[PDB]
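Between the sequences and the hints, there should be enough to build the whole structure, so can you do that?
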Amino acid sequence: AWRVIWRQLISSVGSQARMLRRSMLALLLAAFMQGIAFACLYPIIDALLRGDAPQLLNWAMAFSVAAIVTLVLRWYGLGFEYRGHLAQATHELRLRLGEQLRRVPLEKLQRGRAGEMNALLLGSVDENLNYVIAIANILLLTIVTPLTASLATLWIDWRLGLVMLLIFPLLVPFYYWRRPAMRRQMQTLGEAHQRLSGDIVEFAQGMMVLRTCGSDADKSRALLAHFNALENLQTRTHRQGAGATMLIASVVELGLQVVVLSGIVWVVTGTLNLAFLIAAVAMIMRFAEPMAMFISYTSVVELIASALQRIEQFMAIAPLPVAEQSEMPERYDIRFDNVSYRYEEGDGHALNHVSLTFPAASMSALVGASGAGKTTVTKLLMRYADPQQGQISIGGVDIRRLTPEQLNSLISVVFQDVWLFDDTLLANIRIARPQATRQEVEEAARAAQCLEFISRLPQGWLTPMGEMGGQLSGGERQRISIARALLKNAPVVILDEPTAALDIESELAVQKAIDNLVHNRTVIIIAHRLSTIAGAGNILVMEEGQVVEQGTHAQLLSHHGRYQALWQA
Amino acid sequence: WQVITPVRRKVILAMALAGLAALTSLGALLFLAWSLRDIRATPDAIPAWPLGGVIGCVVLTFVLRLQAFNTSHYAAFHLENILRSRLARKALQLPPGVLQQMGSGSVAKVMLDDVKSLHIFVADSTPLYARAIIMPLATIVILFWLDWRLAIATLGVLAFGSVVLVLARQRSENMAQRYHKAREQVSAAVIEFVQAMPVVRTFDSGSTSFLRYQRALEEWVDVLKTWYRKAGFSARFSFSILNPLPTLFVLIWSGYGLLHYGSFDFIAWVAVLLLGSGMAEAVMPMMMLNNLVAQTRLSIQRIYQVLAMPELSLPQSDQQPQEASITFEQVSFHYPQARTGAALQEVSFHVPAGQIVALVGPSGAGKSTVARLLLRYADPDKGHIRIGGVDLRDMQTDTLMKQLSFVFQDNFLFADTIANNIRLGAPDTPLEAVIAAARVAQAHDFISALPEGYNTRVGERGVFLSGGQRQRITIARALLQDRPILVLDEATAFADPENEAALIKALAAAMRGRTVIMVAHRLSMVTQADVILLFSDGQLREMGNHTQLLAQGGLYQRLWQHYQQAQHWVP
Ligand SMILES: CC(C)(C1=N[C@@](C)(C(=O)O)CS1)[C@H](O)[C@@H]1CS[C@H]([C@H]2CSC(c3ccccc3O)=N2)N1
Ligand SMILES: [Fe+3]
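Going down the list, the protein sequences come from chains B and S. So the mapping is simple: full-length UniProt numbering equals the position in the first sequence, first residue as 1, plus 19. So the mapping is simple: full-length UniProt numbering equals the position in the second sequence, first residue as 1, plus 16.
Honestly, I wouldn't trust all of these hints.
As the list claims (entries may be wrong) - Partial chain B-side listing against chain S, Cβ under 10 Å, derived:
| hint | residue |
| --- | --- |
| 1 | 90 |
| 2 | 94 |
| 3 | 229 |
| 4 | 246 |
| 5 | 258 |
| 6 | 310 |
| 7 | 312 |
| 8 | 388 |
Stated by the list, open to error - Selected chain B positions facing chain S (in silico; Cβ < 10 Å):
| hint | residue |
| --- | --- |
| 9 | 98 |
| 10 | 224 |
| 11 | 249 |
| 12 | 279 |
| 13 | 442 |
| 14 | 500 |
| 15 | 519 |
| 16 | 586 |
Calculated from the structure, these hints are not laboratory results. Cβ coordinates follow ideal geometry from the N, Cα and C atoms, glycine included.
Following this line, the structure appears as structure tokens:
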């Protein structure tokens, strides 16, 4: 709709609502007073084909007065944008988007698989809101200025007024009356364009297997046939949509011709409107430039509408309910009581009906045959999502009674890291505790054995790592992440599968670092390798989203996939 | 430049058609002045001929501008198709290393967005640029012919707006580049921030990454605000003096000054009015033109980069196929400076037919570069690699791909769902052969348990295939093709237990009777091999069997002692 765009625009600008309303008023009065100057163009020419120097003076003075006023008012209306008040508007919008992205539940952030790149794309494309004053200047001119010029020529004449009013100021509604046909045909074009982009992605990735199957020439011919099919669809669409596009582009001249013919018909017959025809033609010839600007800007109008709709949809999701937030426990016995969480509604009950106990100061293991399953519980412990039924508890206190801050500083997770964000590695260790000094960073690096490799690495702990963050093995990346989780003295540590990279460096250094970290700590190792799991003290087997046999190692030796799981190693 | 136009016969045509369309629109306005003179001279008889001239020049202008847009858009679509065709024929012969690097975010992005921006340049803008040349270069002549005294005012106001806008553009000459630099830097900060959100959420409050993003945002804000100030105190004046209203304000008072001391003719005034109207909306697409042509020049320079980038792998088909051997001869290869894979200083080793060769490496790059270089990702600098007696530098690319049958870690799969995805080597699918090739260790049960059978859609929009089953699919493909040299990288790559046992049984089926050069990391498959080679920092250090290296006392017994200890968790 067109009122919801105004509400979303006056909200999502931010604290510049007063300045935006003032500039909208300035631009409306500017377009209106320019239309009144265009009406003052009428008796100028009527005096001008006669002698009438006093009449020309007494109306050109009013034209100067009503020209300077609307030029100053347009100067202020764009001085909304050119003093700089739009930079503060999009700045406040982006800093509200940042806090909303820091406050969003991670469940919507991750289950939005397309929503990930959607949120990233909107947060990066929000500089497209820069067009909002140059579009509220053009649209408002094209609707108001012919409407007020025509509502004045209703007072100068009768029939030239109606011919001007029915044609020219209703041109922007006559474009949005014919718009959804163009939107449907642009959708038909964009769908095939996206399918071609997907086929190009598929070609570019699978080039190598396409070459070693020997069928590279066949898929090259298939892509050339797809290119010719896209060009033929582009020609077939454009050939049947060029009439409307050319009519809309030249509608101001094809409406000028109606006024020229009808006005000459009225001039030659006895209703001698004298030179008001000449002044009306000189008026509605100058509606060419804002209409030609608006048909250039309509695609930006649609992008601004979609961006504001996506922003008001994105800032409407709320963080988790936090009842009685003052508590924080000290009895870290993690307990689950009938948790059933639906990851996606297509495969419901992904983590179905569990009841876990991870006792304090020990290691408790999770094992399963899927990547998810036993990692969804390690997501749920980080307040990724609310359990649909049941309670999750760090001790006697449920997790829903804690803040996101106390929980996100209570536990520490280690997984396969793709990070360090191209800067100093002292901060990349100290980001888990900015209140930790230089003497504790070296203590954690010595206790997590990344110290020898980072001293072997150049630049001597300055270490910019600017070559996309990765110029080293993933095994010492894992040692960096282990030192990061070791710096933050978290009493509950969630381990992913932290051992998948190499044989000597990665495996031995990460084993040396991890066996330091488990000491008077409730730790959850979820690695698939049943040897490291076999060393543990409590075993949980996750079999298709539901635990089946919880016990010690001998309980796994009771009845299981025992002989195969111990034979494969 | 304009060098990428081989369609210039159909763009010069659209240019001249839009130029003549603008010239006949000027003719229509001139005929309107003619008809108003005829209706003022004798205001009782309807003007008949020059009003017919008005409607004729209007319908001629509309038909000519319609044919101008039709020719321009057909030319743009033909340029887009021929440019994507030349890009595809070039990217067929790219070396797959640089093509795999651009396959992340560049070559598909350039093959779409380059030619799309080229369409929005040469379709919807060059007839406008022709109109913006033709109209203010003929309307000055018409204005000067119609009045000596009156064209000076409208020309002075349009030249005033032109010099003010050019002066505003000249003050922003570096600040526009600084704004684009700030925008690319702050979009990079947005990229790393949205990628950073889960891990910085779970490691702290997010305050460090939020500050590292807010500082780049505030830098961009200060850049944009000082650009808006320093440009806008003249740009508001430029936008407000290109309005029709100051041209009207100089025109009305110039008419008064002409009427005040005589020699003023009304028809010559209303001609200057309509033509001085018609100049500005034609000259405004020249105000948008530099803004468009900057991004167009960026896109054309990007496509001239991609069309002439590589060394093109040195194709040589001037040899015959031999069989079953594999020989490295003092070869040397290092990657480009921004790439994976450390180096290979000097390696030389010869393997006859029927030996299973395990490369064991602590690096992950010293042992991957040998397999990637055997599959002709690039060419070695100083050395020779020979399958059989014949060098692979002179190997027919049909024969070389008939010799080697490869598997890797990432292992892409197509939308040919399964029975054409396994049988992708042959153009046709003998289906029962694909059944027999999927009868190996665990392709058949994974396919048969799927809901849609052997045509269960994998594709870009289908099943995840759980990672390891994609590797089982391409193992079935590599066993279907039965090419004599099989190249591994995935010997127990993914540590799912039943998938480990299944992949070991499938690889025991697939390695049987082939010269297999296998690059493993877990040594459980390496300990059953023929000639095991060790790779430390791009140099060959070891040779010989499993037991002979272990008795040698070299690097291999230390790397074996490391592995058997690290299998046990506690120490
Ligand atoms: C986004 C924006 C509205 C655009 N402007 C266009 C019209 C331009 O090509 O400028 C292309 S998208 C801004 O204005 C940007 C900000 S940085 C530059 C400034 C420097 S001074 C100036 C200007 C001066 C006179 C008349 C109009 C102007 O816009 N624009 N453009
Ligand atoms: Fe601008």
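Q) Hint by hint, which ones does this structure get wrong, listed from lowest number up? A) Per hint list: zero violations.
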